[PDB]
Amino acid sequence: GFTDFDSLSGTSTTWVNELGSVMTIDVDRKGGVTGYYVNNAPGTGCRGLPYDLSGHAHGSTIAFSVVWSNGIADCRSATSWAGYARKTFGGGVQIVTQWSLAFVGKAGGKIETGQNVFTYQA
């Protein structure tokens, strides 16, 4: 099963959260993370198309972010996550995350927060 994020370097992995948002991450030899994220969140803009992701990972923790602009649809917002690996009965793994969404609405800058759990899709 899963040991650490570092050993993912060289193999693309795909991960899905409870909203059906999917991301595919590529890990460089220093734990730099790049990839793409496809939002499926209900009632949100920028659904179904790929957005660039970047971050960092090591051992059992990871942090990454997505700015919701890809030159096709611009949702004027950014989300960032931090999470830890959790191994599942029968050799799967999840990333248990906390996230923030920054956007500039009516009453100026606002931040909203919540949780996401990503499951590795072999």
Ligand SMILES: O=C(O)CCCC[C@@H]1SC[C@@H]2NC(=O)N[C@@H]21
The other form holds:
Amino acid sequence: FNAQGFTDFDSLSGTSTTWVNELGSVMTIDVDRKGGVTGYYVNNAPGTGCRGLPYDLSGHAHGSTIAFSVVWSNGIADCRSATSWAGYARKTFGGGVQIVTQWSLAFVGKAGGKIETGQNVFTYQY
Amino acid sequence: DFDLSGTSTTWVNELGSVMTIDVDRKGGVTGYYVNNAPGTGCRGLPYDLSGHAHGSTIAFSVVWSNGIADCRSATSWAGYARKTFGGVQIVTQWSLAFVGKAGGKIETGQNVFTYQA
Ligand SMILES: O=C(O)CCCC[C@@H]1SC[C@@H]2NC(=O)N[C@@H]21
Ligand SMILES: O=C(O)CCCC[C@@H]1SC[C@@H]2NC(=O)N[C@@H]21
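Counterpart to the form deposited without the ligand, namely the form deposited with the ligand bound:
In what comes next, the whole complex appears, and the chain from above leads the way.
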């Protein structure tokens, strides 16, 4: 792969790439030829659980847009939580690459079922 | 409750969208989404869906391109299982990503899926 060449999420078709957000959480995504997204997310987000373990990641990317989800369970830690990202590619004028996302986090607290929301921007890294 | 492994299940939301999901051994989710939301594109044909369920939580993703019709957008839902009075409900927040005349926008809202056997 090359960030120079990056056109849209088609530029990933058949590539392995690592992406860090502003919280230092890292996803390592395998994009297949037909736009299927598999790999692992590492939460390193302060203030939150299940940090620094691999969590299975599945989604799809087409054109400028991408959606993917994690359930926070692998048989090691369970945070009783699932997270979903939808977003679009952004090409930096510096010739790097970004994914701008809204994430939804669903969990069941002492107060029962609840749904927290926010933004992550992931920057391509090697 | 989402701990479904071995079988398909059919869910329908307040917008009258249908999804049918296969939950593997791990808690992985494949299947198709069928949208019929008032005022949206890509209504009535199926789109691939991927995600994961475990315990009282699930998350799944649909890109709206199936080789037939493309609305150049993607949705992810995250949700929690609410027990009603046999069929479990999935209460969810969805984010919808599209690039338009005002570039990348990301709209949000809530969906309740209802089970059917
Ligand atoms: O604490 C939990 O309930 C489980 C881990 C949550 C990590 C969240 S997902 C939203 C945000 N983005 C990240 O990369 N980390 C946090
Ligand atoms: O209009 C588009 O960009 C493609 C179809 C999107 C359908 C949305 S996804 C959120 C909401 N929930 C549904 O079941 N349908 C709409």
